[PDB]
Amino acid sequence: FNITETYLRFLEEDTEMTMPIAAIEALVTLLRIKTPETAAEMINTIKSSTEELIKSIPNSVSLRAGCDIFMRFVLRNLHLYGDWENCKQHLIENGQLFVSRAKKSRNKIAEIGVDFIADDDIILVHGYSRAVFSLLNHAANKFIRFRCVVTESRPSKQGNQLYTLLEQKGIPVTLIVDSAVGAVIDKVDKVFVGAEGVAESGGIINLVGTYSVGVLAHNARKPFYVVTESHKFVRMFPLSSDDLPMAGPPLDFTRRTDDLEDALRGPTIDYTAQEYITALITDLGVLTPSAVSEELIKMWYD
Amino acid sequence: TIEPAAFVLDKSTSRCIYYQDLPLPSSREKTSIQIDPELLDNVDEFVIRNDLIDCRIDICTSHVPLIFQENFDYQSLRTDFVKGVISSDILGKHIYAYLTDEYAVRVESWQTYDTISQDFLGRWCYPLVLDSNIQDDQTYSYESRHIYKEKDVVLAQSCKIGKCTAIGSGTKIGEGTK
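Protein sequences appear in the order of chains Z and F. Residue numbers for the first sequence, in full-length UniProt numbering: 4 to 305. Residue numbers for the second sequence, in full-length UniProt numbering: 179 to 356.
If you are wondering where the hints come from, they were derived from the structure by calculation, not from laboratory data. Please note that the accuracy of each hint is not assured.
Unchecked claim - Listed below are the simulated DSS-like cross-link pairs for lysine-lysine, each with C-alpha atoms no more than 25 Å apart in a straight line:
1) 111/Z / 37/Z
2) 338/F / 145/Z
3) 350/F / 172/Z
4) 189/F / 208/F
5) 190/Z / 261/F
Can you make the complete structure from the sequences, with help from the hints?
Shown next, in the form of structure tokens:
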């Protein structure tokens, strides 16, 4: 019952409510029309909706992951096997409840993740994730001892936007280019990376470069980080150095030209392995090594 | 200068022979050292020393208060007392002199106070710390580079510094300091 329109409505909004959250809410609303009890009508419709979303998707898996999570939750729901109405009611409730949970998660983050800041340590935030920014803000509020650093990111000018946002706060800001990151080995103290998806074990999807950063960190023996809230748990694993669903072509040796037509093509998306990251940042207590995989195992049983 | 006591001491029994306070490092007027002959031909192992520091800590037996009561001349406890003991006012009595390789100083002046504070801040005495917290409302925490910070403590960015700094609670520190 319409998802393309919803997609159209949300792309550069975020800020207040997370992009994925809105999608989740929409999914919940869709569910709460055709009845979750009648599984014959419902699950097929859900599948169709997912397919539609995929069709509408260019360069993302996050939405797909969210919908899978939702499905899993729904599956879990009916395990009371008694009165069938209460479960339905609960299902109906869990949509805006999810949104509410986000605030709580943020609050939790503002209490557990504020222990990390030490004497003279330079912080560099990679990509675009709201949670990381919130954490940074909360650290600033606490006034431990830090430095907030930005990047020259290249999707649709994200890095610049981030820099501008930082400027609002007031904290002194200097920039790092995608190429000029190589000089950073010990001076910027700890390497932080924001997430737009967390897979099985160490697998994280963001923007136009993470793997290289991870490699650099490994070389330097630097502390590498994955920072997020709570809505991104995926069952995924790649085979090569990098493997993902792609709309932007990998190594597209552009056709013979003289007056310019199409050129901006390459690895737009980036993955990270298990070995490179030292710490995982989620509101779910204090979990790090391979807890997400365990969670997945608990959930799927497949 | 106030207490540079020249302790003539024993190794076999650890017992004092002479006490003197001199203003010699500050005002060269009365540079003087005496060796009393009353306990000269009984000890034999005479050791001349000066490099020792005041603590003013005493474990006292049943003798001391009675002695005090007896003799009203001892209005003090260091310059008169030890000398009296040496002289045998109460005839034939022993005193102990505990000698430790580890550092021990008492509170006296202002520079000395400062030194004591510095020692406390550093790791000069075996365990002594503020971060352990003693008095109820205390929220002290240990930091690297010999730095002490309580809770509600803030120092701002860009302050290129030497070595060793400590801050109390309820403090707000600005920017750009040497």
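Hints, one by one, checked against the model:
no.	hint	verdict
1	111/Z / 37/Z	violated, 35 Å
2	338/F / 145/Z	holds, 22 Å
3	350/F / 172/Z	holds, 19 Å
4	189/F / 208/F	violated, 29 Å
5	190/Z / 261/F	violated, 65 Å
Hint compliance for this structure: hints 1, 4 and 5 are not met, and every other hint is.
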